[PDB]
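The form deposited in one PDB entry is given below as one chain in structure tokens.
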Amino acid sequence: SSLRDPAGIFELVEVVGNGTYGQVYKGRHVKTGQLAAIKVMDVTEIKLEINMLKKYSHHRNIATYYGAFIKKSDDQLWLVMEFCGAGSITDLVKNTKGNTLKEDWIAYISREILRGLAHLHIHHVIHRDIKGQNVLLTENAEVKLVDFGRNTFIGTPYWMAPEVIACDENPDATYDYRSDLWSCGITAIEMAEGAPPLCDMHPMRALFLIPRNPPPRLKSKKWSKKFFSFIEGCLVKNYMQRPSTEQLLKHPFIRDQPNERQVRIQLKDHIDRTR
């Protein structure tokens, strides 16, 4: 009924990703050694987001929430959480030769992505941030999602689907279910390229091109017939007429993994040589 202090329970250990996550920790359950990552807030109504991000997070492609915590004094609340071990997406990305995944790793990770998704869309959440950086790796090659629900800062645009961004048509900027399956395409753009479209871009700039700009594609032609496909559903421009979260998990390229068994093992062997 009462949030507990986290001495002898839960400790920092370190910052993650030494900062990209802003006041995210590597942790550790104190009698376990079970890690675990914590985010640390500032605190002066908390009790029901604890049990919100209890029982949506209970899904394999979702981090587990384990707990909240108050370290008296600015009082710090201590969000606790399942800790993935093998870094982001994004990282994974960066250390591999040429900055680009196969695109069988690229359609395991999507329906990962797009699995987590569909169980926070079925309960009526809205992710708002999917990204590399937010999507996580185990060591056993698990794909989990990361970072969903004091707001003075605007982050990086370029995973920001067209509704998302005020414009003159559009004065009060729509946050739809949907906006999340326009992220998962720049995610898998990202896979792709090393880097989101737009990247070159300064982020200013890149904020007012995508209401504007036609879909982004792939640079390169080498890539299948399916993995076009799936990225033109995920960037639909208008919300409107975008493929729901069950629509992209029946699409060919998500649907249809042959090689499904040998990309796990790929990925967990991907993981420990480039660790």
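Positions refer to the first chain, counted from 1. First, how it differs from the form deposited in another entry.
In this comparison between the two forms, the chain bends at a hinge between two rigid parts; from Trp223, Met204, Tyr25, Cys84, that hinge is at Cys84.
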The other form holds:
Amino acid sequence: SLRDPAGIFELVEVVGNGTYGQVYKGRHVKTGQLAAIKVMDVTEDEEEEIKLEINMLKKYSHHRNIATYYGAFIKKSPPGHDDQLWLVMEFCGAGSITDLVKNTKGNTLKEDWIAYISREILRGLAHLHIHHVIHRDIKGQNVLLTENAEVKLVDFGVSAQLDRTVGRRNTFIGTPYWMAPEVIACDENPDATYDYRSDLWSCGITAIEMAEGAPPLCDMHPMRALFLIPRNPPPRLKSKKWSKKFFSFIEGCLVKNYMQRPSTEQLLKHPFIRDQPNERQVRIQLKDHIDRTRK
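Condition change, the form deposited in one PDB entry to the form deposited in another entry:
Shown next is a single chain and nothing more.
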């Protein structure tokens, strides 16, 4: 059964805040080995159901573009309060793509770096989607880089699955900026769907976050952004500097009606993603940029 993490894992620094909880750079206490730890409130005394749901999904974390599952821990709380679940995964040494862009001059990545990273996110998502798993938490903070620029998604469907089964009393709306229109309830969409294509919208927003350092509407009160996402036209890159292929990729990700949004396999064939003649050079440049940022 799920153990208290005391003396096994500790939380060191925050890497992200998402749809269901927070992600930390954590540490295996007695080795000093790093881990990505996703901390999520869960309905109290549901350890058996939690273990069942995690065990059904963990095999999907072995893929090269998914941070590998290590273990799961629970912290108990007073009667009636949600328990705290710690989902422990591998940490990729270079940290998140959001931190990389924050630490880049002009808060912008080179276009061919964005194509490379976006393809790797799409490959991780295609693995989950073919296995009928929705991620539901795609954003720069949830995409980590290793020291040689391998790209891995944090979480492999657990937060999304626990939300829908075990649940919790401490629910919140969360930050809206990576949410697709179908995830936001309105007159035409009163029940707000769970469809794999919502991850592709989030992938488009993440590409804008790599290009501009922040998602669209980042300077707006989140309640006004939540209202505007289903109403506004698809977001677009602000600068004219980008290639027509990059604008075209964003148009594919950011089709507002999910029923008309391309699949993960269709986006992997988009020229922006499919045609990367400078891939080896990009990985060398990313490795060098990670090294320079560190110092």
